[PDB]
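Q: If you want the building blocks of each chain, they are given just below.
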Amino acid sequence: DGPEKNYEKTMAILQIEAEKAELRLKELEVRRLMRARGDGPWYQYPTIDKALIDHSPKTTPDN
Amino acid sequence: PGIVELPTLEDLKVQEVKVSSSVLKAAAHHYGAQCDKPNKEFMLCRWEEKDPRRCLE
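Same order as they appear, the protein sequences are chains A and B.
Going by our numbering, the first residue of the first sequence is number 1, and it counts up by one from there.
Going by our numbering, the first residue of the second sequence is number 1, and it counts up by one from there.
Isolated chain A (complex conformation):
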């Protein structure tokens, strides 16, 4: 076929590869910060829910 097919197809391939490569490099940076400061959606380790607490008056008044 014509060389315009190979040229346009390849540069589109290069464009796809660039975004794929850029996203992986950004991924290591996103995942690094998440596991450090932990204010993001994932990596959230489980914590005890605030619903199990019995807030009804107890036998000892101060408790």
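Calculated from the structure, these hints are not laboratory results.
Every residue gets a Cβ at the ideal spot worked out from N, C-alpha and C, and that includes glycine.
Please note: incorrect hints may appear among the correct ones.
Said to hold, decoys possible - Pair by pair, the computed Cβ-Cβ distance ranges are:
hint : chain 1 : residue 1 : chain 2 : residue 2 : range
1    : B       : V4        : A       : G40       : 36 to 42 Å
2    : A       : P46       : B       : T8        : 34 to 40 Å
3    : B       : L24       : A       : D39       : 56 to 62 Å
4    : B       : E41       : A       : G40       : 37 to 43 Å
5    : A       : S56       : B       : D11       : 28 to 34 Å
6    : A       : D39       : B       : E10       : 50 to 56 Å
7    : A       : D39       : B       : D11       : 46 to 52 Å
Mind docking chain B on chain A? Use the hints.
A: Just chain B, lined up with the frame of chain A:
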């Protein structure tokens, strides 16, 4: 961190009821039935404030 506030011994000095257990329990029903409002005020204060020093009066 810091001093813990404790009420002084002066206002702490309070006439303590000088009766035994049997006399208290024998008339407990009538004692609870008649003079009860000041008890309820102190009882509520102890459960709400959760701080004994707030309701000593």
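Q: The structure should be examined with respect to each hint, and the outcome stated for every one.
A: Hints and how they fare:
1. B:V4 <-> A:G40: 36 to 42 Å: 41 Å, holds
2. A:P46 <-> B:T8: 34 to 40 Å: The hinted range 34 to 40 Å is violated for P46 (chain A) and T8 (chain B), with Cβ atoms some 48 Å apart.
3. B:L24 <-> A:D39: 56 to 62 Å: 59 Å, holds
4. B:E41 <-> A:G40: 37 to 43 Å: Violated: the Cβ-Cβ distance is about 51 Å, outside 37 to 43 Å.
5. A:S56 <-> B:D11: 28 to 34 Å: Between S56 (chain A) and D11 (chain B), where Cβ atoms are some 33 Å apart, the hint holds.
6. A:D39 <-> B:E10: 50 to 56 Å: 52 Å, holds
7. A:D39 <-> B:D11: 46 to 52 Å: 50 Å, holds
The structure does not agree with the numbered hints 2 and 4 stated previously, though it agrees with the rest.
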